[PDB]
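*Asks:* This is what each chain is made of:
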Amino acid sequence: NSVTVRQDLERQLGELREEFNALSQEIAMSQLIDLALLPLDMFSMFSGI
Amino acid sequence: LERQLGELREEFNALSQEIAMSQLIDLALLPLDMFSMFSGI
Amino acid sequence: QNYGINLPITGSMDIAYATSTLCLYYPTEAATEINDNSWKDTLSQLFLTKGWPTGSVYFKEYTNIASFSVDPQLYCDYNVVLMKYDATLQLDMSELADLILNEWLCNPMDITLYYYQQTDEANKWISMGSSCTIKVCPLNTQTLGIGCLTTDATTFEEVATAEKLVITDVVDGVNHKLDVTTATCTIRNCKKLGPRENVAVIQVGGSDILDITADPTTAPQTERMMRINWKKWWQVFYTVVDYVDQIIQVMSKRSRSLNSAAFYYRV
Amino acid sequence: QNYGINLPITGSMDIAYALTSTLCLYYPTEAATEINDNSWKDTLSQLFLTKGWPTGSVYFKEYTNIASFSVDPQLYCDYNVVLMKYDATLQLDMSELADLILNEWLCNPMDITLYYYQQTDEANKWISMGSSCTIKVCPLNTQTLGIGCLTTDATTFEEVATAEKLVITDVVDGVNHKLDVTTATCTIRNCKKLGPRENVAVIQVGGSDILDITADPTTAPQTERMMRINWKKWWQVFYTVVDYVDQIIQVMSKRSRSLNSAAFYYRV
Amino acid sequence: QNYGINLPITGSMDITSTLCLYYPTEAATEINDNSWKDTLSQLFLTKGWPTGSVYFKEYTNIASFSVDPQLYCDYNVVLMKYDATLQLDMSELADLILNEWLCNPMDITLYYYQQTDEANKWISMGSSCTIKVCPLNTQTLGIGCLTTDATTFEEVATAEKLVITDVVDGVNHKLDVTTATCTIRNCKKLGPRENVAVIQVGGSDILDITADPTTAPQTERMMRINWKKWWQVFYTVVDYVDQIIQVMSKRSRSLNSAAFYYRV
Amino acid sequence: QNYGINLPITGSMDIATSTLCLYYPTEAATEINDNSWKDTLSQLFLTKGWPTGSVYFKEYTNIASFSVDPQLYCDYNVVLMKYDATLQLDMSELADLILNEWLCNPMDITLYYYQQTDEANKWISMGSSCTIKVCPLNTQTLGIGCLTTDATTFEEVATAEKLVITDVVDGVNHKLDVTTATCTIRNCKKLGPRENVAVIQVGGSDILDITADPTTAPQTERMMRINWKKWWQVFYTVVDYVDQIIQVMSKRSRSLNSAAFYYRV
Amino acid sequence: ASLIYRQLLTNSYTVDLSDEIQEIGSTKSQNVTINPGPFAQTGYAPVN
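For the protein sequence lines, the chains are A, B, C, D, E, F and G, in the order given.
Take the first sequence: its position 35, counted from the start at 1, is 520 in the deposited numbering, and no numbers get skipped.
Take the second sequence: its position 15, counted from the start at 1, is 508 in the deposited numbering, and no numbers get skipped.
Letter by letter, the third sequence follows residues 51 to 68, 78 to 326 in the deposited numbering.
Letter by letter, the fourth sequence follows residues 51 to 68, 77 to 326 in the deposited numbering.
Letter by letter, the fifth sequence follows residues 51 to 65, 78 to 326 in the deposited numbering.
Letter by letter, the sixth sequence follows residues 51 to 66, 78 to 326 in the deposited numbering.
Take the seventh sequence: its position 44, counted from the start at 1, is 45 in the deposited numbering, and no numbers get skipped.
Rather than coming from a laboratory, the hints here were simulated on the basis of the structure.
Just so it is clear, CB atoms sit at the ideal spot from N, CA and C, and this is done for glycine as well.
Check each hint, because a few of them may be wrong.
[What the hints assert, rightly or not] The following label-pair restraints were derived from C-beta to C-beta distances:
1) B/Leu508 x A/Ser487: 12 to 20 Å
2) E/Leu317 x D/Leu208: 45 to 53 Å
3) A/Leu517 x C/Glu88: 52 to 60 Å
4) D/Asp231 x E/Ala221: 44 to 52 Å
[Claimed, not checked] Pairs of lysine-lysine residues, derived as DSSO-like cross-links and limited to a Cα-Cα distance of at most 27 Å, are as follows:
5) C/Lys109 x C/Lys119
6) C/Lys119 x D/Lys291
7) E/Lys251 x E/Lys291
8) D/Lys236 x C/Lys109
9) E/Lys143 x D/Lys223
10) D/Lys236 x E/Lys109
11) C/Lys119 x C/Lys291
12) D/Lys251 x D/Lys109
13) D/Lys194 x E/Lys312
14) F/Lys236 x E/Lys251
15) E/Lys143 x D/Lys143
16) D/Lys143 x D/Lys99
Please build the complete structure, drawing on both the sequences and the hints.
*Replies:* Right under this line is the structure:
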């Protein structure tokens, strides 16, 4: 029982776009192709966050 | 809950010899799903 | 040691590379006009949307331009000073912007057992405190004053009074005497060295009453001095919130200080 | 010239090699009250003069009570030495005074009337300085529910310090907390312990040594910047610390933040 | 499996739990909460501990904590509130709680005794134990005391809830105790214990874990910290717990490996 | 470290002081009527060869009394137990608790339930007065023959006992109702054989076992027995062949805390 | 034939729903705040 404080406003689309575009820098290739061969799944989508 | 597991353990430990192998392979050919692994029980 | 000062950098152009804190300062005019008690939390939740995690924004309050003037303090990886415009407080606005926008390294000052001088052009004298009235005298080679008899102070040539903060520049090439209001102020002899990227100024209203160097030839307006007009404080706050990415892009953090004072005291 | 871009530096082991440094001494009261003179400063001055040190280079700033000296210890001077008069009843404050003024704390301010907080690493502390601090802390579980304290009011939390002027809390990492002080009395700042400070040397004149600078229980080191001597007449303490002031000076070093090359590296 | 041998191991150069806290009563008295243990349990959960296996035990006084001392738990952090009074008591207490003591009983009404190795002591515990001694010549005759006397003895300790007695060795001594009040076991130190870490609060790390004068062997288990409030100490304990865990090892006797090798 | 348990020793076929104390019940020394008997056994062991002051003596006034936290001190124990036609079960459970070492955990009884995993898991309850009440519950977590809200209809398996060895059916949780301030239960695993202690029974036939298993109840090569009318014959006889008791034991199994079990919270 | 394992791995989202399907069948209750810590005494004034 308490006056409910509010939510936290989810980070906006735009800066999200910019920051994901930024993370493209440190991407390795060999590892990327290796991973891309592997098939993930629904359970293997979210169980790493 | 563990107890039924142990009984089934004893059971499985003696049904490893009274199984067939040829039919075993020829079964392993076909693919199983949710529908044929527990709905023909 | 020296981190590398004498082993120069090597670079290239052929290679393709393709929790921090932020404070605010607002004059009490806003604290008056707001008329709320839960507002700072709203500002927090907003800077969340713009990219700050909770616990990374703090607020500070100053009541006058003159009040905030004494003994500046800084508190975050990035300092944003929201300055109200006025028409009779111009030199104070420029002095505060000069002090906080620019670096200073000074030695203490006395009146007791010395005279003082500037060795070059780019040195200034700073006075801060509760009551700062400054009168000064230059001399000849004869240790004699020209325009002020060395023994009597009432006919001195004053430069400051009825003021809180003053940054004065006197001419090179002669010792000086000063009637500082000692117990009611304090003065230092500082050398500005270079600009800093750890402060920014947003002036609400007014028409660019600012100079960051008292040079008549160079009144260098920078990219950190920003000026918007206001008639409603919430609009000012929001509009600042809308381009905080831009403001962060205009500042840089590698120049922060260890103490919360925007200069460096080295006896 | 090339600043702030940390580039390697080539030295060598092939070539051997064949004033402006300013001591800035502090001192407590009852010493003075027992000295029974107003020229002692001048005697120290002339002695340092004969030792190779300029006259007018040494200044004496005095602290009254240890708890009084705890506030705002901006010890700005080329080289600093602090002689503290020991107490057998005031210990923790000495330890934390040493901790503060011997390390470098880069801190950001807080507004505890609004924000939750949480410490980050074993090198993150909360310094609290001022007149009379009475910290009130209330830990929380993951969705802001009081644990051992009630958040629907203020007076049922768990206090960690009362009647203190300067105290540096360390909290369990990774949990949010509610906080209260009287924010017209004293101020708390969230400091990151960046790296050791080398401008200061603290020596204690009294009982046994207690000094440790790590809030780590396991590591209770004895640095060099912490020294201890006995006494029954302060005159000999002054005279002696000037007799070996050469060695003391050779032990410390220039402040690694004001060297004209520490530019854009946190204070210069 | 293969116990009871001392079988050399080879190698190469290419290749639940319990955290256990004892505390003095005056602390919780100063706290005036009761759900506190539950709070610190939640915090230990947050640092990674399983919910509902961490136990806090309460002793009235360090004297009391000295008698019948028993630690049975995977990881013990024992706090001690210093006093300038019991420096001997605290030293010998940390000692008894730092070592592995191979012990046998004694009957001082029927024999003589000795110390045969430098790793040998006579430990005594009881309610009100006050022991007296009389070393004996090679002719089994008393000196400055007589086997017939009980008062010309040489007093070595007095109503100490605990005592760790030592004498010059290779020489016999007739003693004086009260056995239906106190027990004295002949014990031999073997190694250091890894299930215990002694955090002293207040003081200056004065411990000595050997009757050896020539050295004061300081180690990685006798830690020290200062205090102004108790929750301060407990928070330092919980947050910094990981390095402490790295200090104290699994009980080298505990593993099912030391069997028939003077396994506990 | 590990002493090399992961490494196997190899052998060949080419290559061809400790303590010893004795336990005894008061009735013996009572019929002895002296104080100069302890001197006697001492000097006699000295004669047969032991540096004097290596043989000690504890006394136990009653099987029930010594049935509280037995402390097997010496590197060798030869406990002379007195048989009675009525105290059989207590004797049996004691003789069990001392020949085989146990690894023991404490239980929390008013906050949870408990279960035994292996075949060699037991509970041992000790106290000046012990009373064990047990109520099994099936999967769905309800009482059967016992209303969990009450305790009176429970199945009482021990009454004001000094020591109780209890076993349940492996893996069916129970509500445990016990006298808590006059007895404590310890959940223990029977590790294996301990080799410092032998028990010499005087009286009737062998009731003593080392198990609770039906099909196994063997006369352990260590658990000895004699006849008796005069305790002096008992002690003398012990001293006669005492070498054989030595050569039956093994002086490489002494514990480092001197309790019948290893306490592990 | 290994399809059953890849299946049981893959379609492991729906389980979530089912759990609250238990909850919608489940009863729920709350427990009011308890007041911890010792409590002060109070006897009686001198009664005449």
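*Asks:* Now tell me, hint by hint, if it's right for this structure.
*Replies:* Structure-based check of each hint:
| no. | hint | in the structure |
| --- | --- | --- |
| 1 | B/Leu508 x A/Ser487: 12 to 20 Å | 59 Å, violated |
| 2 | E/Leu317 x D/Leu208: 45 to 53 Å | 46 Å, holds |
| 3 | A/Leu517 x C/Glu88: 52 to 60 Å | 55 Å, holds |
| 4 | D/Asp231 x E/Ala221: 44 to 52 Å | 47 Å, holds |
| 5 | C/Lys109 x C/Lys119 | 20 Å, holds |
| 6 | C/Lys119 x D/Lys291 | 49 Å, violated |
| 7 | E/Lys251 x E/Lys291 | 37 Å, violated |
| 8 | D/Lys236 x C/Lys109 | 24 Å, holds |
| 9 | E/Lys143 x D/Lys223 | 25 Å, holds |
| 10 | D/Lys236 x E/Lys109 | 20 Å, holds |
| 11 | C/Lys119 x C/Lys291 | 20 Å, holds |
| 12 | D/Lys251 x D/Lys109 | 37 Å, violated |
| 13 | D/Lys194 x E/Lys312 | 38 Å, violated |
| 14 | F/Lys236 x E/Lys251 | 44 Å, violated |
| 15 | E/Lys143 x D/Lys143 | 25 Å, holds |
| 16 | D/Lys143 x D/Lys99 | 19 Å, holds |
The structure is inconsistent with the numbered hints 1, 6, 7, 12, 13, 14, although it conforms to all the rest.
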